[PDB]
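> Now for the letters of each chain:
There are 2 protein chains.
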Amino acid sequence: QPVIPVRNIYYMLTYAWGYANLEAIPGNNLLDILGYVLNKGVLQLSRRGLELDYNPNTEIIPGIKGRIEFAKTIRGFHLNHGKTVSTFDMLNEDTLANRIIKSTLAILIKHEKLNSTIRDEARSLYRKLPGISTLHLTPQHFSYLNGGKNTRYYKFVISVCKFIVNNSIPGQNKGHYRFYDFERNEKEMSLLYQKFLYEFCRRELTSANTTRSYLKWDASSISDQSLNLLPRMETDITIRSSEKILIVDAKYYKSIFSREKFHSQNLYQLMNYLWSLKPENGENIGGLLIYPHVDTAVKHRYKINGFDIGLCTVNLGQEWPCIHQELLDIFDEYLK
Amino acid sequence: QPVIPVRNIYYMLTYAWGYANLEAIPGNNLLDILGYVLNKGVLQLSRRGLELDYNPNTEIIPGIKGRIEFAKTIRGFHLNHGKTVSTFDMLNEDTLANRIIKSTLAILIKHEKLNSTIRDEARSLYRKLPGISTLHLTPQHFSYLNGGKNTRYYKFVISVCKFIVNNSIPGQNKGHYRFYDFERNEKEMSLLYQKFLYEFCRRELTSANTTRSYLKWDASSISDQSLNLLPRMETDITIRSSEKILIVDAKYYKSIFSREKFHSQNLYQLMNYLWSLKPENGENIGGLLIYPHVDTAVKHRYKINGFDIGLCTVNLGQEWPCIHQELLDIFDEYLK
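Top to bottom, those sequences are chains N and M. Residue numbers for the first sequence, in the deposited numbering: 3 to 21, 28 to 267, 272 to 348. Residue numbers for the second sequence, in the deposited numbering: 3 to 21, 28 to 267, 272 to 348.
A few of these clues could be false.
One copy or any two copies: either way a pair holds, since identical chains are not told apart in the list.
Said to hold, decoys possible - In silico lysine-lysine, DSS-like type, Cα no more than 27 Å apart, as pairs:
| hint | residue 1 | residue 2 |
| --- | --- | --- |
| 1 | 136 | 170 |
| 2 | 224 | 290 |
| 3 | 315 | 118 |
| 4 | 224 | 273 |
| 5 | 110 | 262 |
For the record, the hints were derived by calculation from the structure and aren't laboratory data.
Please build the complete structure, drawing on both the sequences and the hints.
So this is what it looks like as structure tokens:
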């Protein structure tokens, strides 16, 4: 049952979310890492100042505040008991974004398997935010916040809040929670990998242009021009440069972690992407298969059907900088 | 949770094993069907006669039987107490094949969810075979019987015995057994489908020649001529005729059972099979995608990359003969 050290995933999640010292914490497991980011992350915000959104308030008060609503006043006859219905803007920190932080912290404490200090420190924070009201979180709450009015820093911790709630399962007790075994499932780990690269390549490969490209089948059918039944095909990433184009397909498989047979079923998808894609520039066409391995990294090249294709691996579990060096080394070879 | 009626699977299993009235039995579930085949199957054999294999026996007896072993006799001095060690051929029904039947019947009775009459009738049979010795079955036992000396009829019931043991799980009680929910898993149901067609096509399509064909990548690599890392590619079936060749890839998916998005990831495999395959005859090249659907069957044709390709379905759950008619109708269209 071999897996990646948990700390390294957080780095990939960071690029996945598109935006610190982790050596200090002694808990290798993820929630210890993830909570310490948040627990420190909240405190980092408070230094600068949390978001305060003017919420208009229409209420019945004994006097003039802001703009009086003449209609609701006369209709309810509130003048007679010395009151008016007036609209004014109380400034609160009770916004959806901040409510989510507080509700997330409640979930974090309730998790049964967690560092005690992490749980101790967070309980302070929950008390330190009296005005904010607890909420029962759903993805629909996060859906409303896709507008992204908030600052760039807020979006990072909220992304963490999205990860925690979805990857939280009740355990021994009804109240308490237990963390999901994220590493074991390939699909979510794989979907992380594909998104990890797409945002990563934009950062480092300033030389090349990095875009996801939709592809269209060359087919025509007398039955339907739509071709809906045909598989929808959208590249994982395309990283185009003037001298050479390159398509990459990346996936996480358990079989490859064992140093035997090889799982390369994804390759079957790849040629059709090369085929359906036709470049106006006509500089070259290349493909790449990249997978995660634990122990070591090996690079091969192939000349299959007039295409220059590479199968390669990365030794996750080594260290983040050499991994960062290794990736830049990787794309340097093929992007030429 | 829609699935195929259980009776129809037995027909596909029959072609899968390569070799009766099922209307009589009222139990729709599989083990009721499968046991009644076996329970009647054993009785069908006994009418003709069960296999009797001459087992040589070397034992210590008070007299001459067959060939006396002079050495073991003198070394043990058995002459003095009026005995000899002699080799002779007692004729038993205690062979591995027949032992498997009896052991299988014990498992069949122990299954908690089963028709009572089926369980009642089988318990008779277990008593009716006194000479045979019970055994604890493993696939390795079936492995030794791959020689297939036995008659053609024996191989059918033994194939059933292979299916039952593998698809048997202990349930409520330690002694009793509970049947596997075979339908729910796609892979074994899918692997049935691929094998179902390969043997089926040999039967009906006497006109065409039906063979599984291994394919080799057109690639060359400076690194290795072996290309071991590349995916191993072996067709599900190839059904070649003089006028036209045709490759088929068939798989069982749950998404397609819902009448939306379509799961055709297998198609990605298909083009590379067409590409890597080069016909000396050069008559034509065609491909087929065939899937199981429950309600209805729809056939489409495509002209993708110079290839004539069909995506089609079969309405399993209708009836076996029309299904048999439908398949012959299917291949008739494309094989042209």
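> The structure should be examined with respect to each hint, and the outcome stated for every one.
Outcome of the hint check:
no., hint, verdict
1, 136 <-> 170, "within (22 Å within a copy, 66 Å between copies)"
2, 224 <-> 290, "both (10 Å within a copy, 26 Å between copies)"
3, 315 <-> 118, "neither (55 Å within a copy, 58 Å between copies)"
4, 224 <-> 273, "between (32 Å within a copy, 16 Å between copies)"
5, 110 <-> 262, "neither (37 Å within a copy, 41 Å between copies)"
In this structure, the earlier hints numbered 3, 5 are contradicted, and the remaining ones agree with it.
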